[PDB]
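One letter stands for each residue in the lines below.
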Amino acid sequence: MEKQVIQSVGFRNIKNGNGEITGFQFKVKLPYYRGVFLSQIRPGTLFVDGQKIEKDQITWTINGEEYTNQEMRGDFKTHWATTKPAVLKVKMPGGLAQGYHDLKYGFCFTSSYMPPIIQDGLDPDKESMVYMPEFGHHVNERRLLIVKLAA
Amino acid sequence: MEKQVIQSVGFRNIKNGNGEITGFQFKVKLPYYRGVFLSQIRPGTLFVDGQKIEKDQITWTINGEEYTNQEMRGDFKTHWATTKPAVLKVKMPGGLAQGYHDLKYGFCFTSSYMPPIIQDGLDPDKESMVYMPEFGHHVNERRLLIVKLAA
Amino acid sequence: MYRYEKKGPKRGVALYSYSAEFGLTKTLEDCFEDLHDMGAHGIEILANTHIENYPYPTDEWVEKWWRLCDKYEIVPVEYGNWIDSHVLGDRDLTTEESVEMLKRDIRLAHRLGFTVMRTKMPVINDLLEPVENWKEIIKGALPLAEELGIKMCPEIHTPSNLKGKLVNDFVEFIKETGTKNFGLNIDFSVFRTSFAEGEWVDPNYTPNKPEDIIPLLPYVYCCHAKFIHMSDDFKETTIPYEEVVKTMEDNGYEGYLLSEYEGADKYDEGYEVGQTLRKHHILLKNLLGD
Amino acid sequence: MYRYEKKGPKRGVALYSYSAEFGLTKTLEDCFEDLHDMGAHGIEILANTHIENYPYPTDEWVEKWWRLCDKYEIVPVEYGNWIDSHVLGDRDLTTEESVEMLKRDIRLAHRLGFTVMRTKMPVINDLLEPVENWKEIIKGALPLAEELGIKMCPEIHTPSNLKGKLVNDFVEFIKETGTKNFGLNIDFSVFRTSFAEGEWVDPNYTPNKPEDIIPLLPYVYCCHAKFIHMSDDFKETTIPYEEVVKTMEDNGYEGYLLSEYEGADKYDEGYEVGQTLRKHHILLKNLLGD
Ligand SMILES: [Mn+2]
Ligand SMILES: [Mn+2]
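Chains as they are written, first to last, in the authors' numbering: chain B, 1 to 151; chain B', 1 to 151; chain A, 1 to 290; chain A', 1 to 290. A prime marks a further copy of an entry chain.
Next up, chain B with everything else stripped away, as it sits in the complex:
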């Protein structure tokens, strides 16, 4: 895969069955030196070209199966491997237009073996005070293209 958290492969609009664009997807690799169970994940907020999209619009597909935030919060047995990027599916009727798009996405995960000061105040949309690169940044960005007909 790619070094960046947001992968360039897998970014695309999602269609219906009935042909209507219902949203779009992109992939994120776990930037951690080990995998996590789904209940450790803390999804955050997406910004697409400045437009804010809250986590309740975004599902997570891991190991071929799609999970809501609530489902993930309760599942401590399904494991997310560092080599298997999650697919995030964003509800957004009509999707993204042709051309460039700037993505900013935040998420993090719990590491209960870390010192309590570090654990407390863990926020998917804000960085730790002291950056440890083996945990990655909570917030990550990427400028990517969508292939689509003209507006």
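Calculated directly from the structure, the hints in this document are not laboratory data. Even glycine gets a Cβ: it sits at the ideal position worked out from N, Cα and C. Any given hint could turn out to be false.
[Unchecked claim] Just the calculated beta-carbon pair ranges, DEER-fashion:
id	chain 1	residue 1	chain 2	residue 2	range
1	A	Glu73	B'	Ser128	36 to 42 angstroms
2	A	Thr58	B'	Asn16	33 to 39 angstroms
3	B	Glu66	A	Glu63	42 to 48 angstroms
4	B	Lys15	A	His157	33 to 39 angstroms
Keeping the supplied structure of chain B fixed, place chains B', A and A' with the ligands upon it in accordance with the hints.
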């Protein structure tokens, strides 16, 4: 693997059975957009810390099997894949000492579909006049460490 | 089996465009999904690059290949092979050795679903003409190719002109044999009009006009949509793409246009050829309609 | 099965040192061969990183693992697991859920050949003490661990002192139970004397002297050979390595010292941690003799 032609993994002294260091090995990836048959390969000259070592001291292990230059020149059926670095085994009694070593190695390969001007004057130890990166450089360098007891 | 049924020219990608990534940061499946993000269905592979354990892939690998094609709606279009009768330094291959190698590649191409081969031969002069026994080689394999529904196509690219000797040699052979299984791949570099200031151009090269392709279209079975530079308006700034595509639409072309990028910057650290290809496919989708 | 029979302390590598490369530019086999270039035999893996389809690898993967161990003369030494009773946001795991998770990791560690587990637990205070039911958790798994010949070891690392409360809590438990299957992993950061000018150091941290390890050596089953900086003379410039290694040699230590590198520069573009580890192993081979 690695972007460089000379890989960092697989660089080490070679022992005997009787315990004596007979030489050393290192790996090279084919820097070509396609694989080649062994008879297309043109091995060149090695320099280890300035010491010159000619191709008749160096065997090539591809697909788990060890080939001399002469054997390779006649074998147009065994295929060297771009994702399967060759192992070059260098005859050199006592091997390399502990610590850093500077390697410079040259090789190239035939591409008979190229224009005759380009083909003529193809030399494993000298670069083409016009660099085309999809063919790689004939000569490549790397500074690597050997783990060994003190002299 | 996914089939793509659009009438007229269709778009795709040649995996050679990923030559700096393949095996390093992209797997074969990454390339398939990269094509899928673009909505591109047609693919070109290089026999000597993209087939594990080439020349003898396992049944298990072949089934994984077909599963990938169905998973990402990829149509195997063009299979790139070399008939390298100069593979040995000390001698040329006999006609029979060359035919045996070619037939094996036709078999493998058929097994993976391809219908067009981009066949490359050793060249013997500055006109890039193939080895002198090439007709014999091709005639040795044509029955098999006809039986398996494969079309073998040498590639016409700069500096070869669409009205030059090379093209006419191939067209003459096609007319003399009557074969429906040997044809042409036109690489769009033959239409390139714009070059950078101080960029060396072969004095032998003269741009062809788009209409120059019209009399060859009965024999053109696949094309390399070569491109040099995509602007941020998603226009190609060196080749008259609108006019080339409109010419082929209006004159009955039913094959594919497979994006091919060969810029040296593919090998620069940080380059993102997938984005370059997405620009090119914005262009191609708007020109083609799908 | 490759076995490494050197008497006294032996060297190896913890794959955590490759955390910026694993899955990107290094495969598991690349790490095995990287250890082989160093002549290092002992390995530490992270359960949640290096086992495909964790927690339930296939028979086929397990056999590939054993083949790699034999091919590169790798001894599986230490297996890193987490007993994360805080895995759920809304509640703690019960003692029984934690024991079930731990026993599964002991089973998998035994199947892959490991004899030491580096077990990490959620911590509840600034002293980094484990969850309050930890003794119950460990006592739930000790029979299995004793049956399968596995030793479970929490890791002592900065700022925890070898004479502090954490260490004495573990030693007390070992003495009270009499178990031979729970012990300690000493990370060498507890001996670090040199720091950069203006580098923040925890006021609670005080370097231990090498001899401070001597009374704990009956309970130390594996060590993290942590290291900060290797000079071009292949000396470690922050920890008294000669004296630590000589202390453990002279006092009967038979386990491994597994290189662990955690510098932030692992994640810098162009960094080559394999070379850093080779420097460290020049040091370790000269201190140990093999
Ligand atoms: Mn071309
Ligand atoms: Mn440690």
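_Whether the CB-CB distance between A:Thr58 and B':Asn16 falls inside 33 to 39 angstroms_ = holds (37 angstroms)
*asked:* Against the range 36 to 42 angstroms, how does the distance between the Cβ atoms of A:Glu73 and B':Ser128 compare: consistent or not?
replied: holds (40 angstroms)
*Beta-carbon spacing of B:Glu66 to A:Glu63 - inside the hinted bounds 42 to 48 angstroms or not*: violated (26 angstroms)
*33 to 39 angstroms as the expected CB spacing between A:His157 and B:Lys15, which holds or is violated*: 37 angstroms Cβ-Cβ, so the 33 to 39 angstroms window holds.
Hint compliance for this structure: hint 3 alone is broken.
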